[PDB]
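6 protein chains.
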Amino acid sequence: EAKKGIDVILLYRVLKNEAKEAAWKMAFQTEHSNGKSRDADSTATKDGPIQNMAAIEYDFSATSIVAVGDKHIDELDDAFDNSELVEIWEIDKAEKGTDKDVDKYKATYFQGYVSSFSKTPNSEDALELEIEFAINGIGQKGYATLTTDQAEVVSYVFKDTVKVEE
Amino acid sequence: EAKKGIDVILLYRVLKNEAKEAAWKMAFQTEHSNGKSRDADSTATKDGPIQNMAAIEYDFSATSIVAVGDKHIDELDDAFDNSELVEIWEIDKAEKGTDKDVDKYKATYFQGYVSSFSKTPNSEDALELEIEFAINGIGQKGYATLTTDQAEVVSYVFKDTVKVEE
Amino acid sequence: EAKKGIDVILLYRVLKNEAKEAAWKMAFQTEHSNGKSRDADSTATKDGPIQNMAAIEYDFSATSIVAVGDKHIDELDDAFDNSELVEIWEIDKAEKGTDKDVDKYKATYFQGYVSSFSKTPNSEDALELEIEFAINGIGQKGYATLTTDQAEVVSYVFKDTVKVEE
Amino acid sequence: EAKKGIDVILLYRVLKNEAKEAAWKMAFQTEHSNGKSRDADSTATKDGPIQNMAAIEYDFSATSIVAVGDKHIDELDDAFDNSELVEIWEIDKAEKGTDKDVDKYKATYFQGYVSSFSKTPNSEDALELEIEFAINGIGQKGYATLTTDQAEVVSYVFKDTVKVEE
Amino acid sequence: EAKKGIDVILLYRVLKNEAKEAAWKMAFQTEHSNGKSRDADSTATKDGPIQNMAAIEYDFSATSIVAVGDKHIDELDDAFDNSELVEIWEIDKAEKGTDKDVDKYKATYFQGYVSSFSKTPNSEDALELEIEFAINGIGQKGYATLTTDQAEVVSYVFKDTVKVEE
Amino acid sequence: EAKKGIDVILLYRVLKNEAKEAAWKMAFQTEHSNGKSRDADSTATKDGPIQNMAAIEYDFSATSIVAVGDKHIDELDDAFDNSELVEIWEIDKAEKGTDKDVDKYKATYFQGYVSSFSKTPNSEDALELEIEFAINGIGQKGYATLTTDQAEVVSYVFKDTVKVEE
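Chains as they are written, first to last, in PDB author numbering: chain F, 3 to 168; chain E, 3 to 168; chain D, 3 to 168; chain C, 3 to 168; chain B, 3 to 168; chain A, 3 to 168.
Treat the hints as calculated values from the structure; they're not laboratory data.
Keep in mind that a hint or two might mislead.
In this list, chains with the same sequence are indistinguishable; a pair is considered to hold if it fits within one copy or across any two.
Unchecked claim - Restricting the straight-line Cα-Cα distance to at most 27 Å, the calculated cross-link-like pairs of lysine-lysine (BS3-like) are:
1. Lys95 to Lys27
2. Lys38 to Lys22
3. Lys48 to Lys95
4. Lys48 to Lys102
5. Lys161 to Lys18
6. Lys38 to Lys121
7. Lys5 to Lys102
8. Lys48 to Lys5
9. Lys73 to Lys121
10. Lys98 to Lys108
11. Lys18 to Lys143
12. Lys27 to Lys108
13. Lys38 to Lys27
14. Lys48 to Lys143
15. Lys5 to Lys38
16. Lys108 to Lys121
17. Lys27 to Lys165
From just these sequences and the hints, can you work out the full model?
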């Protein structure tokens with residue numbers, strides 16, 4: 003079968019808080035764009051065309067909906083205003099781990115800076131936040147652990163028609 | 003829950019009138035765009051890529067509907083024609099203050115110049131005014147006080163079927 | 003209340019005809035665009051950013067529907083073909099004058115050249131004329147007088163079912 | 003009342019056929035664009051801005067539908083392939099002449115070269131021919147004579163239900 | 003009456019096969035674009051503007067639907083991969099020949115190279131092939147002969163309700 | 003008959019795995035773009051225009067839908083991150099082979115690098131993967147063999163209303 007887009011999520015945390023705080027998940031996800039590209043030029047000589055390949059250039063973006071009572075966005079704003087490194091995780095919820103690493107998910111690890119921070123409030127729409135990152139180097143592949151509270155959704159349960167007595 | 007866009011408003015006042023006049027709210031708000039960005043360039047050396055970050059560049063805008071009998075817009079036009087500094091406030095109506103600063107809202111403070119002032123009257127639409135600012139330095143985060151008259155809306159009340167006797 | 007777009011009109015007259023002819027209103031108005039802007043560049047030094055502002059640049063335009071039996075458009079075309087100065091007024095019909103200037107309206111005064119003159123006739127649409135101006139200097143604010151004939155519209159009156167006897 | 007776009011037509015003839023052939027009208031007109039513009043630059047000095055106005059630049063275009071059995075288009079093609087001058091007339095059918103020049107129409111006279119000649123045949127649409135001219139100098143205003151056959155349309159007349167006997 | 007676009011077709015053949023093969027018509031035609039243009043620049047001198055005209059630049063294109071079992075497209079691909087000259091004909095089916103050249107059509111003759119060859123297969127649409135040519139010199143006007151099989155369409159005929167007995 | 007777009011498929015395999023692994027078909031195909039072009043410039047001399055043609059430039063692309071449990075995409079990503087050559091085949095399912103090459107299909111063979119690798123997950127759409135290649139030299143024409151499992155589709159078969167007894 004096909005793989006849905008819902009199963010891919012993102013995590014963040016600041017570099018200097020690696021000892022005090024663990025990873026934290028954004029409140030509301032909408033979408034994100036992860037795309038890498040390379041530059042290919044051709045040099046012509048009398049023996050034939052030769053191709054030299056350039057360095058990897060990353061294009062990263064994220065979109066979310068601002069929640070009320072949220073403190074984490076202020077952390078990202080302060081990290082942008084002070085040029086601090088941000089850790090990014092991209093985790094898949096469909097591919098689980100085998101043998102030695104059961105109950106682990108397939109993930110990639112990046113470190114980069116924040117380069118853009120914009121939001122436009124309208125008169126009839128909810129706030130949307132766009133963040134664009136600049137990544138230092140090639141991302142690495144590995145397996146990561148996702149907690150139970152960060153993977154499951156919350157919905158109401160069945161209740162009877164009897165009083166809710168104090 | 004989510005945060006609506008109606009909870010964000012703007013205030014203006016001219017720098018040279020800081021002693022005589024307090025802050026004033028524009029009549030009709032439609033939307034505005036607040037976005038900050040940075041430019042990242044890569045320099046290549048034989049040891050690896052190095053990233054240098056540049057100064058912060060701001061992108062600010064405002065949109066409104068002109069009211070009849072309004073004097074404030076003339077003040078902005080005069081300030082634009084004479085290159086005077088304008089103070090800008092962005093206040094949230096959802097995040098209230100704690101302990102020492104109860105009944106205060108989370109706000110951000112700017113100072114900048116006016117750079118654009120345009121309006122296009124049609125034959126069947128109301129006048130709309132678009133203003134663009136140029137900000138000198140990084141905005142500061144703090145708590146601000148909003149008066150009761152500037153936060154509440156006005157609507158008609160219940161009336162009986164009796165006369166309005168003089 | 004909101005200000006409608008129908009309350010803003012324009013007047014024209016050529017500079018060399020200031021003694022013989024008074025101001026005249028062009029026949030059919032559709033819309034116009036009045037927008038002023040400035041250029042803000044930043045110079046970087048070791049002590050901090052410095053802001054320098056340049057001269058004001060104007061963006062003016064007009065749109066109309068050509069009337070039959072109209073001579074005034076020929077005057078504008080001849081003024082364009084000979085580089086003559088054209089006076090432009092922008093008058094508001096909603097803001098009336100006080101005390102000494104009762105029955106006067108708020109207006110602005112410009113002098114500029116004609117730089118564009120285009121029209122495209124179709125097979126099922128009426129002719130539309132687009133004019134663009136190049137303004138010499140900053141417009142001045144003042145109060146202007148508008149005649150009764152140029153401010154009111156004309157509609158048919160009630161008639162009986164009796165003949166129109168010669 | 004307003005002026006419709008139908009009342010404006012165009013005429014052509016080649017310069018070297020001034021004595022042998024009179025003016026000829028295109029078969030099917032759809033639309034055309036006549037627009038003139040000027041370039042305005044500003045030079046800054048210590049005494050104030052100075053404006054120098056440039057030469058007039060013309061923008062001309064025509065659109066038509068190719069008719070079957072038409073020879074005139076080949077004349078335009080040969081004139082384009084050999085760089086010959088083409089005379090263009092733009093005549094209004096609503097403004098008639100007075101006293102000395104009764105039964106004459108208001109017209110403008112141009113001479114220019116042909117610079118573009120394109121057509122794109124589809125599988126379900128009729129052929130359309132697009133021509134773009136380049137005009138040598140300023141057009142002149144005058145009155146021109148239009149023949150009766152070139153101004154009136156042709157429609158069927160009433161016929162009885164009797165035979166059409168040879 | 004008007005001229006439809008279905009009456010214009012194209013023919014091809016390779017230059018080196020002028021003795022062994024005659025002209026061949028492409029299987030399915032959709033549309034094509036034939037447009038010629040010139041560049042006009044103005045040089046200013048103290049006596050007046052002077053206009054100089056440059057060489058003719060051609061813009062040619064073709065669109066078709068690939069047929070199954072077709073060998074001709076491979077010939078065009080081979081000619082493109084080896085830089086061979088291609089002959090192009092554009093023939094009208096509405097203008098027939100007179101006196102000496104009865105049963106001949108009005109045509110135009112070109113010789114050029116192939117410069118583009120692209121096709122994009124989708125999941126629910128038929129294949130479409132787009133070819134662009136680069137023409138060496140001015141096309142020549144003349145009369146050409148079209149065979150009976152290349153001008154008529156094929157449709158089913160009437161059949162009775164009796165068997166198709168062997 | 004017309005040729006549908008479903009009859010064209012692609013195959014991949016890495017150059018360094020030519021001995022251990024055979025060709026493999028990627029799971030879900032949507033579309034792809036194969037386009038080749040050349041650059042034609044004209045040099046002017048006193049004897050006439052001369053045409054010079056440059057090297058062939060390729061434009062290749064692919065689009066697909068990511069499947070769950072798929073390992074092959076990781077191979078392409080690793081080949082991109084390490085600059086390895088990738089073999090590409092384009093096979094037609096409508097043109098079968100003759101005499102000595104019965105049950106073979108018409109195909110083309112390319113070798114190139116991976117230059118782009120992007121994917122954007124949404125909240126209500128399936129993942130789509132876009133890949134762009136950079137080809138070294140001109141593709142070669144030949145006949146290739148396609149296995150039975152890679153050419154046929156799979157659908158359910160008829161079942162009775164009796165149980166599925168163990």
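Earlier hints that do not hold, by number: When the structure is compared with the hints, numbers 2, 3, 4, 5, 8, 17 turn out to be violated.
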